[PDB]
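Shown next, in structure tokens, is the structure this report addresses.
A single protein chain has been omitted from the complex, and every remaining protein chain is retained in its original position.
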């Protein structure tokens, strides 16, 4: 098992308080990993600093080939990466083998292409006798923090564009899911020059905080919850660091009277619950039109109750557990408060789903209002709420009356309603007659309280570069 | 007699709070007293912005483009009067405003009208089988924008045109000392845009500015000012995850190699070190000069700087105006004094006040300055240029990059090789070769590090004000 | 009385050669006899374009942009008069020209004024170590430009603005039947652009057009016409390897599925199959109709198409005009007669000429035409629409794609799925869904296959008239 922090030339174990990496299926310990010391953080940033000298001066072709190699490396060990990510997070193995790894590998490969393909306004004489041109240069040293929900994927989202942009990076995985990142570190170490990627581990309160507050770091990119985005943003206020923030969502799913209701029910069954709802695009806040509302609640209830989790044979599991006990408790807590509200019904699930480990019952919350906490607040759990709306009600406006703005979907056979919703929804993403489907060419990222900056697509790479104007006078 | 009222929705309204004394900074005389926005007027402006967003955000690129074309026309129709108003308010020499500023302002509005209809994105298509994807660029929401005082009207163009053109609505505040051209423009805009798309409030940063940037309904804040104010805006936005667009000043390095056309360098710095009395983010103010040429450069610049004319009765004959206020002069003076206190440093010309009335400081050259010197390390924002020597075992590029700032820069050399190497390595939003200062509305302006991020002018300013959206349609 | 003279550099001139009889197409009466440009005059136009290129190719995007804005402004000042002159010349109903064409023309000039300033390319930078590359889009040369008779003034815009905008100079020829607005515009342009940048000559394809296409100083030829002229231009270009820009006709397929809003479909075709008397490269003319609704659609279409007003004294009451010439009407009539010859084909309304005076044809519905029929295979360019049935066995899209044409199409259904799938697979420069005919200046119009290639409107038009260049500078 790979246990060591990558710092410049060398691998070394932690020096600080150990963290208890648990297997969330059963609650048992996998390994104990010591956090990086402040000194260890300092040397990582330093190795990133001295590596930026050479790395920022590389050609796009040089950087692109590096990324292709990284992709080849992950591809070779795809099965091992999967199993190790299935252990760390208790994700069903086949969902990881089939869904995550190939997207991950495809991502490294997308960015190999994107690197050699940036555009800008054309070079020429905008002023007489002066030739202007636009470049995109590196920014500096990037401090990157990933969450626990898709460890290895998040790493790809954070590393590839920043490295591709000619930056150097100090990366910290979530305190509970450092495993795939340390295995990756090893392969990366063989491919990149020393210090272009450095990987430290530890708790956010201590290791995260020191990284985002380190004076040498010019950009900080985080994916997590709002609380932490605010901390990052407050820390940036000190030295005017660039920020890249993806802070979660509460994806509205507008279901009109004329939707293919069978496909809707199947869409929410998969995409409301995948990764036990620990996905920031989860199909979780549903708006059902008056006519189909009762039909939907029942049909979905029936569908959700059949979702398989925690079986002995992992190939038969559709859903894994929540990452930790604190996280399950947080989910249990949200639901309990909702079930307390007299106008709400819990039609299936609603309780803890596990003797050991951190499973929760796939849950359906019916009859929730725009005013309910369950509708206003990210639950990040296998939980879906349903809200009814009238013909007299603007379901798009209801959907836009939110703090979140990451992703959304609309279901209808109708063209007029599909297109009008798609033009008016205030969301980074809007799917029509599906949900959740990502592709590495297309940008992921929100507005409002979901934050700013993209992941995937050429825009991710534009976020990690600086536009520069060069103007030569013809004397 | 003059444009004095705030623009709040469909209401023109005098502020109801504390008055500001807007001074003719040539004479120190009071031009006018302007009551600032009350808290409730701040609220009404944001509320008009919110109401206007509904319609305005659903306009087409052609409608917004045509609106922007009209503002330019309106400005153009009143170029004489805008220029005369800004000259009075800021003390800028009238012909400088007429020939340099107004044509660039009008061009800006016109540029963005074109940019509005010309946004690109990855092509639409099936990236996943049976799913058509396409990318849009939609409005973000309500912008609070704050302008500084060095170019009141041009800053407004930069702040407004790309925000409006993105289909955003705006609450705009000019700086406390220079609200006049903004109030004037607000009158003309009211007759062109639907009400509530653009709203204009006046007041102090600590009061009106602070309420504007902390308003829950404001989704993005854009400011051009100093580093302290940026750190303020970032601290506010931390409370609600507001998007930010920050231009925080610079200390433009000017690398002069030995094989430089030394005359051209002198003439450049004479203009671009001192234009607008050095009250310009991109001022040619931190000169690095190779050992071979240092001494000659120091003397020729010294002599050239000393002939810069100002505070003449015939405004035609003035090349720069005064600093904006007493406090700014006093601050510039102190930088000069502290630097002159240094044994290795020589003030070769100027370095003293340039008028009894008003706020002129003398064009100053500070020679013998070292990389450790405050005068090299920190932004002066007055008519002051420092010269540092570099030797052959020194890396002028490294030296220039060793800075908290990253907005603009120039390199001077007859040698295409050294130029291109310099240009490629400089950690500066912009690098001129064998000139300085020259702007064109198609080209982005904006810095790195503590200079901030985001661009003004170019298509990029407009990309900073729109949200990228992925739409995916499942066929089957 | 009327603008009569050719623009040849700094000079307005009567044409030296034989005269065209410019006819009023709704009465058949003569409007004016106009002398063609002689060969020496074609030489002088092109020489003046060569001299103008020296300067013009070297102007800034901003300069060219300001110039296109001023032309937009000029056409706008005289909009009514342009409309009336176009109406008279072309038989178009006065209010269609006034409300549809003029605003679109003006906006085309304004659109390109922006596009001129917003070209992108790959970013500059070091793709090879020590080498700084950049991409420019430079002018191509002298453009020989030829317009068809369908929309004289709009085609001018589509041809002049991107070409001039790209920094090319131009020698433009309207169609022999419709030079009138082109010459009125020529005077206006002459007061804005440096002499020789735009040149306007008049005359026939086989004489003046030929002499222009073949001139060894012309580096690019842009034509909008029929497949026949396109082949002629292509062959002419072959001998000198000229760049070509060709829009050569379309036979727009209209797929109507069982779940279409038939009311909308019928009103769409009533308007778009017949606008400008069907003298439109994009006319809704080849309908494919699912068996379930085929019957109703034919009957409902017949009824609406029979109410179409034309040839009335109240020109505000007219919906469509006449064909351009007797030649064109007779060509249309021969198409309709041959279609009427087939046993399986039924003409439900119209089918004969529609005036005693002038060149009107009766709006025509042709029912039961199949895939191998001439009325489906070939462009009629008359107020004539065929309807063809497909069953569930049939792949309506495969049918549509089985064509030499590739310009425009539409698909009508309330089902999002079927609509997107059609849009993905249609082999046509443009596909409208649940509408037709709608153009917008930011969006490109242009065919594949035998409709030619290259674009009008959008930045792609402007890309067509520029040469991409790679500059690479060695640092070492």
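We just call them A, B and C in the order they show up, numbering each chain from 1.
As a working rule, contacts are C-beta pairs under 8 Å (C-beta built on N, C-alpha and C of every residue); 3 or more make two chains touch, one makes a residue touch a chain.
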item	value
Residue in contact with the excluded chain [from A:8, A:14, A:24 or A:60]	A:60
Touch with the omitted chain, as defined above, among A:110, A:150 or A:389	A:110
Interface with the unshown chain - residue positions in chain B	58, 60-62, 118-129, 134-138, 413-417, 419, 433-434, 471
Touching residues (missing chain, whole complex) on chain A	60-61, 64-65, 68, 106, 109-110, 112-117, 119, 125, 131, 415-416, 419-420, 422-423, 439-441, 458, 472, 474-475
For chain C, residues in touch with the removed chain	58, 120, 122, 127-128, 131, 133, 135-136, 138, 140, 219, 227, 230-231, 234-235, 237-241, 243, 246, 248, 264, 419, 423, 425, 428-435, 438, 440, 442-446, 448-450, 452-453, 455, 458-460, 467-474
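Everything below uses one rule, namely that only the chains that are shown with their structure count from here on.
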item	value
Where chain A and chain B are represented by their mean Cα positions, the distance between them in whole Å	36
Chain A and chain C: spacing of chain centres that average the CA atoms, whole Å	49
Multi-partner residues of chain C (each touching 2 or more other chains)	61-62, 118, 120, 125-126, 416-417
